[PDB]
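Below you'll find only one chain, the form deposited in one PDB entry, shown as structure tokens.
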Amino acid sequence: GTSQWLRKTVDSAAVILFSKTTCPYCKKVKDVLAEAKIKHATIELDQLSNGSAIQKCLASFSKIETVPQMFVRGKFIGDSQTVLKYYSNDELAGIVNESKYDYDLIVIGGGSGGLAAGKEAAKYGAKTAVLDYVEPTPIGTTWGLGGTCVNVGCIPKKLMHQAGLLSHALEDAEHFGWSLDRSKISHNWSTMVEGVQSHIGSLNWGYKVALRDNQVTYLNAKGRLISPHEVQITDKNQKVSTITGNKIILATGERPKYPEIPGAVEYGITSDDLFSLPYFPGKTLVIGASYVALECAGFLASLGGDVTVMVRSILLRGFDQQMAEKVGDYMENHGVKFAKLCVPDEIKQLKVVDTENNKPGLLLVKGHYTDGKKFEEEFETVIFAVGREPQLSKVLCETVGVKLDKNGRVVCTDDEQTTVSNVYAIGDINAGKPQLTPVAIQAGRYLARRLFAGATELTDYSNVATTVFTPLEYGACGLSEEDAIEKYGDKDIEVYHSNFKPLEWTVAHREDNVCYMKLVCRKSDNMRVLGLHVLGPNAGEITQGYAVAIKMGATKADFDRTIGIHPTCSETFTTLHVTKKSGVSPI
């Protein structure tokens, strides 16, 4: 029980000190290590319920039961007199750096998960390398350190969403008494992109500085795992070499897919290209119906674009479909066109992009609906958002022995371990996990603590809240209504719902009865809240706090007994009373 925890902690930690808060001899070692700038984990036995049991088991590794005890890479190094002997003899540095591998930890991938894992590991004295390489898109687009979210994901996406939201703010300002001539207002795409990219650049730079300041080795190199402990790296001069590592974290993420049709790769673009595009896309076709497709279509329309979304079947597959339809209805009522039950067959080039005068080209898109009928229309830009895929070398991962699933993602235990015992996987390539930035970050940080600081806490992947940053935002935590009904049966599900109107929308003359929220509850479990859903402004800020309560097992009664904050949109969750079964209107 505790002896198997101690065994795992001793074997895996790079540099660890077993201590007690009140222990002058422990402080002597702590001060020596701090003066030597030797980073390490510290476990204060007096603060653990099984502290006394741990102190006894330590003798199985050191032949002593006292504190302090210092370990390096699985080996007891000494008590205080011994550590200080190494110190005063200029021997300690060599002792604590001795290793069978080049690194304690090699992270392949410098994105959300990998940077979090590598920084956290270094905190405990793990000798750490982070590898990051950004393979250029088909048109040649590349970017700096930080991964998908920082460079071509959440960060630029939400900044362009804000630019789009500011359009409504300009409209609203007049109703609130501001005098501005909107005949004269227009949007400049390249000025926005320059501001977005300046911020991204500050993040690229910040991550580099952070790795330096934590003594992490950053290699701008492509990595390949060729055996359980061997990573082959290729640098930008195409020099190939091998580095070894005790633990390996795979954190390589995904990249956009293209449909297998003529012209897609040559003439279309993806979200990878959009966020640094030097020209305004112009009349744009977005192919796909994911949150990325709808988010990008949404802000392009708000920035003055002529935008069409081509939808194969449904919107936001995997999300609550009542909410998805309300998201789409708002977009269609606010300037976004939809080509329904339609797929593309080929992209034909009519004009080449004019890179010197910074203007888009022109394309002919041919496709068809499922009545067999044809689709044919011209667009300046075609954006594919038809899913993302991992890029793992299946033949290579096989020969190392890392098991992948149908889709090319890594099959992991609940502590992120692959089928190779020293190799772990985090983030978007971890099969079955929500593909979100804070998930990758929590997984990587928590994994690093287990590996190098004796922690036991696992990442909890259930009831992870999300927000779709469409023109009217959609936040959710927990089950869709249809998923709850499938699990438990319609007679065991109660749904409370209401429309609402933000107070800000009254003077602005925006819509009554578009914003909407519901709670999906389980009758036979004290009206447990299984899922929360809100369509409205600032939906991510609304949703976040409730995710804590849902993780704690909130019931409808817990929402009712809480008092609202007035005036807010969120307070409507504390006074819901109309049930769907009652048939009463939610207006």
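If you superpose the two forms and keep the largest set of C-alpha atoms that fall within 1.5 Å, you have the rigid core. Residue numbers count along the first chain shown, from 1. First, how it differs from the form deposited in another entry.
- Only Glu398, out of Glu398, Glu504, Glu325, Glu91, shows a C-alpha shift of 2 Å or more between the two forms on alignment of the rigid core.
- Taking the rigid core as fixed, one finds a CA shift for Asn357 smaller than 2 Å between the two forms.
- Relative to the superposed rigid core, the position of the CA of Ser179 differs between the two forms by less than 2 Å.
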The other form holds:
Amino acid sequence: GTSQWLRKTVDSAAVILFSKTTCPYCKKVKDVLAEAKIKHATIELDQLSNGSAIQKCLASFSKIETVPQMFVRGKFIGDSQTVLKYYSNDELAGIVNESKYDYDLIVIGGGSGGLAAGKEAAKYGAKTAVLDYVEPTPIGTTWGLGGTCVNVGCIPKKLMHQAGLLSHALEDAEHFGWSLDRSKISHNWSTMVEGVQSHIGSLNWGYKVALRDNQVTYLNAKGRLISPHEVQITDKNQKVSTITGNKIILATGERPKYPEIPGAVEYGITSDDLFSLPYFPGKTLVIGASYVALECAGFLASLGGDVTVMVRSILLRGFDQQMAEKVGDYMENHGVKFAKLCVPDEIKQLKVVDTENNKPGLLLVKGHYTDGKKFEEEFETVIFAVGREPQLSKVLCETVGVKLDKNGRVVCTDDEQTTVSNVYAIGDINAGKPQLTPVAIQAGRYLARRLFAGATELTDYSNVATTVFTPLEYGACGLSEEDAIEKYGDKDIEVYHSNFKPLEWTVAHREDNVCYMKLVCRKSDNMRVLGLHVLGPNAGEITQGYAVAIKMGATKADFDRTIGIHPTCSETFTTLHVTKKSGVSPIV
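Same protein, different state: after the form deposited in one PDB entry, show the form deposited in another entry.
All you get below is the one chain by itself.
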């Protein structure tokens, strides 16, 4: 197995140095390369269990078993002497720059995963190009470098969430003694958007600067893979050209879906438009029930908006449905209206958006409930959050041979490789993976290390924790209760649960027995924690640390013998004792 790994490492690395820590000639090579600003991977064989066997198999490539050994793009360059020879003769730059391709790596997509991968690859000497282009939304919205999370996802989403949370902080401030009349305080949408967009701009810029500092080429151009190693780029000026790369990383992400009803594209918006909307949405209808729909509905309501969510069937399909209902119940009790069991039929325009005064238009939404009653109501803004989809036909020529699944996502091995061996896919377009920013980052960085630094560490996609930033946040790690029962049988599942009340909520006169947490455990596996679920403030901060313990195979006993930090919400996980089987009430 070692021989197989070395052959792949040598073929793939752009510039790699085989060396040892306790080695003088190696350090001489290292310091030379550093002075010439030649980045490279390094593998200290003395720090590997199979080092000596690798040092021996190396001779199959270099005809020698000594260190240091320096390779460039699959070719042995030389020992200490031959490198200094190339250096003193000022032939070294041309040697390390010699390639069949323009780049060692072309990243198509400048998002969470693509930027992470490209940055990490350049760290090890890979000549890297990052392509990013943002196809405007139907109304013309566009944005800068960074992807969905940075521009029209997590970042603006959580900042607007924060602005909504401050609403309740303003309410709580009175009970804690602050001379404040919440009822005389209003929110200015455009002031918030200005600050949100200023921060996004600082990220767009920080990314450009980061790529320049790491000698990464950034091209604001639409990329199209026409052969395994050839990418066709169209720039702002419609100019077409071709660049070649050894490895290709597809990281193009997804975009929001629209329902196929009249008026939807013309008069509605999506999350892509919401976070830079130059006017307050006003009375808003959110169509959909995903975490995007509920998060957006949630903070609009907390900002004082008249918000309605049109729900076709259930909330947060794919999430623990007990928790989903508690999420929705909280929102419905805190200003969010729900048109349940209802779908839209058409969007009719009543007022055009006022560009000059920054005011929304006005729309008539027609729909129908399952009970046959008609839905007809006026809204100033209609937001569709009915899923997202890849658009790889715009990126992949069918002739290249990259296998897509029925949903249009890329079918990959557990090392992100597509059916074209030099082409990989990371992030949301990777079929079957959790569609989250830290997953894409870890996938891209770990892939870059395997390609160009000889690493073997794969990304672990199991038990990836999540948090839905609804008005009351919901964090989760592992299986939902229903999936655990499905997988192992009701008799083999024990569920410990408890309501709780944040100490912060007491003086503030907020609700008993609404915040809630549960551990879904497997009786036959020493009460292994299969899933953790918490509804309450700062649920992301609560949940994160437990994800490490679950990764390690935490049991209920592991939670119990850990001591709580008091007063916190998270400590309740260390004293859970009421089981669902017992029928005892979880209230406190």
